[PDB]
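Only one chain is included here, represented as structure tokens and corresponding to the form solved without the named molecule.
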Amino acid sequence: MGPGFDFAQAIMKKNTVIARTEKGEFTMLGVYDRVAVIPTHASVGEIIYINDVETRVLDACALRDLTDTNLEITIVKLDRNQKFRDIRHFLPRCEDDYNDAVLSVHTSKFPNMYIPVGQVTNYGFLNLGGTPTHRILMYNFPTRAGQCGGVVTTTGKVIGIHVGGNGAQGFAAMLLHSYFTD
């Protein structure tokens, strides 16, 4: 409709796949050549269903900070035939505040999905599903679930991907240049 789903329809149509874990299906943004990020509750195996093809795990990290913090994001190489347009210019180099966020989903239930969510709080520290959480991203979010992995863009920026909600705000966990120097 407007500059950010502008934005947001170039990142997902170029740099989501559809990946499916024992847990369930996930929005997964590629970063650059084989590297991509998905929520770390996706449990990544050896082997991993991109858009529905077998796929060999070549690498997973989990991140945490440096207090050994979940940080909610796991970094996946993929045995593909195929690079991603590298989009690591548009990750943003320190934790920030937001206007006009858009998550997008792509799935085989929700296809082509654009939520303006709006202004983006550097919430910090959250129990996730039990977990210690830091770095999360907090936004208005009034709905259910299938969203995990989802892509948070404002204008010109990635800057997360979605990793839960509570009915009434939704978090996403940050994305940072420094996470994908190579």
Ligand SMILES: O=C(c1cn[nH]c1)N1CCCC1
The other form holds:
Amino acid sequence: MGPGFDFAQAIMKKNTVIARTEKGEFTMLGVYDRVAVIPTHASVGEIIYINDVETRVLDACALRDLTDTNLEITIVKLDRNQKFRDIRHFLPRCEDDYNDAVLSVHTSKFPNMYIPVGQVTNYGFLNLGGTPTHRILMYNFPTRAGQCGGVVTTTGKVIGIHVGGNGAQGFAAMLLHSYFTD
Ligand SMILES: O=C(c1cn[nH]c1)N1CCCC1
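With the form solved without the named molecule done, generate the form solved in complex with the named molecule in the same format.
So here's everything in the complex, that chain up top.
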């Protein structure tokens, strides 16, 4: 509808796949080469389905901060025959608050879904499903089951992936440039 949705659409059309684990179907953001991200609660194993194709997980990693606190981001390297467009230059370098964000989802259940969630707070600490979690972004939209892994963007920035909600608010794990240095 506007330049927010334009940038979100550009990310969804080239940098997302549908990831299936034993814990369900997730939006999965591809970042560069064969490297993607997913919520740690997806419980990635040795094998994952990518757009309904059986794919070996060459490597995977559940990120924690230097206080050894959950970040709820898993970085996955896929045994896939094709690279993602490199979008690392759209990742923020520091923790921040944002205005006018869009949460975008693409699954079997929720194809081509875009939600204007408005103002994003650097919330910090959240007890997420009973797990102490750091670097949480908060937005005042009543998000629901099926949106986890959803991509949170502003015009020109990919800032996080959706990892939970409480019925009134939605929560995203930050994406930082420093997670994907090579
Ligand atoms: O930490 C990383 C990573 C992030 N950006 N590049 C590589 N990985 C661990 C699982 C496979 C990739």
